[PDB]
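Below is the structure I would like to discuss, written out as structure tokens.
Of the protein chains in this complex, all but one are displayed in their positions.
Chains: A, B and C, in written order; residue numbering restarts at 1 for each.
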Amino acid sequence: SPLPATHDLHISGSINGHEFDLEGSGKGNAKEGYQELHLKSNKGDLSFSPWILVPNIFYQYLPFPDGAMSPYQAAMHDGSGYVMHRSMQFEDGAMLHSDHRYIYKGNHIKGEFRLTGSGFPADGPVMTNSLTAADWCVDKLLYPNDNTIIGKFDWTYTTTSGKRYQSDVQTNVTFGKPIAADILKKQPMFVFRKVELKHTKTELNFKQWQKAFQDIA
Amino acid sequence: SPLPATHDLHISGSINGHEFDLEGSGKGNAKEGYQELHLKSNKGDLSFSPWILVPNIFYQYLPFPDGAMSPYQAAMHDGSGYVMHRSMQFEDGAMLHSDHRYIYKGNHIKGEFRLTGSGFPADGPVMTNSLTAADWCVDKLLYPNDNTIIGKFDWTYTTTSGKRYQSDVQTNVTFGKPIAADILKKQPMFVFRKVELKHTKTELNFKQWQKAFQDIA
Amino acid sequence: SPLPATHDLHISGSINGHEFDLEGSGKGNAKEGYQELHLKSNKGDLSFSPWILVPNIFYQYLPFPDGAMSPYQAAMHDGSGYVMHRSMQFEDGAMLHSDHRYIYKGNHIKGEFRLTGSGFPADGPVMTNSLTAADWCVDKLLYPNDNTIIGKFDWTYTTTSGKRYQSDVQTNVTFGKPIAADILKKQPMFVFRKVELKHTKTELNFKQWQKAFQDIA
Partner (left out) sequence: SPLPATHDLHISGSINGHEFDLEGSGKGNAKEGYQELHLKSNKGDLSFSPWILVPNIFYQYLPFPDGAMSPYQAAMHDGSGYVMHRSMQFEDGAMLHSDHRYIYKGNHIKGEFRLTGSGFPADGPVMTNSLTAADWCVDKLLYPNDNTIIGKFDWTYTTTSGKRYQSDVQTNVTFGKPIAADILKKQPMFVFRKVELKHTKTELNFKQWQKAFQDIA
């Protein structure tokens, strides 16, 4: 494959025991690190805040510095691929995990993601649709061996009450073939990201900007 | 349904990106809190320690004190049911999550569990088959609302090197109908458990003893 | 050197930047694991709930099963002693850590404990004095080497709003001489404890029951 230009997602699972299922498609610019995505519900109104689906709703769009391939782009490029496993542990006892898989067809990505979240209090901000935005975020990446990335960040939403809603997030990424040795020797790597989300109870329109860096200006 | 006497399990998922699939059946005594289970692999040799599948491999077998129904037994009994979501966060960066579902037919339980684990180091004890036993364990249960249990324990295996292998475990359990009010008012509830496991690379024979308590002798 | 019968405590430090200092004395029965303590403020009214000082306000009072000395007792008996280091991570972002040391004079203990707590929200239960009790509690102990105990528990208070207030607690105990070999081979050890506190803005009256167990029944 070449770098991606378009993508689809089917995302499904359960929040607090209630099933959900969404699909749609979007596109992005792999040299800039931008992507956008539209999603629509196949099982009626979401009963939880759609913001809880971020960051879950495609690092193939992420270049590394000076136009290098990120390990994600390189795994798409030679077709050997990767999967992701993410965990989000919320300050109020809720947890959400996801599993991520992809199929490539030329410059188009197809994502199949599965999520389980539970323990969201009925009066907390996820179940009351009170999340208003996600903070700008720096992700820290380490490669503990030649085919694995362990990434971590502190994830916070703003909410209608003025209190932030916080979680610890860890993303383990497992590659089909080893990561090139010139990528392995630049650790740690950071990525700055921004997101936007518009939503109804049945539809999401998401956008993301990402930029990798080892050092700041 | 009455209290359970027999059960089946189909458990599947992936460890470090490698898929696995096991099935088999067992039985237990719901007044005593004991169960046993046999499992066999449908996809060849396991490439990871089978001990990592404990505690994942049926609280319907657990009575509450003085022969009362645990909330699990009560949900089986009226057929309204529950699901479980567990998270295990290992000291060496590995994570494993599971989702648990059941179907009842009279006094027989059918379990369908899905797991994802990743980030297990190639020389750590899970990937080198070096786990030797799980420690006796006290689980602490709270009910933050009328249809949810949040349980927690510190989980440790002994290993061939003599060092323990540790993880934090949280289990969120979500019920179809509310939990009876006489159970909700006894918090917290503790459960003492012991397990045994014999295994090969393709087969497991597991046993478990459990006992609920609010206080000790 | 005999088992403890009486004890004094001077405990000081700060909570959210405000200093506090209390002193008093108590007694207990080292055969039964009971102790009680009275404390009085040296710096005016406490500006935080005095419950946040439990569990910090003497395991020399704790026997092991069948009349055996606990490791804490044996270190007092031979004079070699120990220090403790405790950490409390609250669900709302606050933290509290303490440092415990002791001087023995015959069957009397003197404690000097130092504490720093911070990040307690102004409308949370510690700062509005809304904690009403501490839940009964099971401590899990391990000995990763011959002179160290690592213990853990999930600590929850009830509050006036009905919502529990949770923290993760880890206690690291370091001994001046090795623990006896027969204590070391019995792992994990659990300890069941209950406490009571009555308080004013300047005074505390504290009671505690503790009992070690390896198994139940």
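Some observations on this one:
Note that contacts are C-beta pairs under 8 Å (C-beta built on N, C-alpha and C of every residue); 3 or more make two chains touch, one makes a residue touch a chain.
Looking at C:31, C:40, C:43 or C:85, the residue that reaches the missing chain in the full complex is C:85. When the missing chain is restored to the complex, the residue among A:122, A:142 or A:180 that touches it is A:142. Residues 135-136, 138, 140, 142, 144, 152-154, 156, 163-164, 187-188, 190, 192, 211, 213-217 of subunit A touch the missing chain (whole complex, contact as defined above). Where subunit C meets the omitted chain, the residues involved are 13-14, 16-17, 83, 85, 87, 89, 93-95, 97, 99, 114, 116-119, 121-122, 144-145, 148, 150, 170, 172, 174-176. Residues of subunit B that touch the chain left out of view are 91-93, 166.
The working rule: only the chains that are shown with their structure count from here on.
Computed from the mean C-alpha positions, the centre of subunit A lies at a distance of 42 Å from the centre of subunit C. Subunit C has its Cα centroid 32 Å from the Cα centroid of subunit B. Distance from the subunit A centre to the subunit B centre is 29 Å, each centre being the mean of its Cα atoms. In subunit A, the residues touching two or more other chains are 93.
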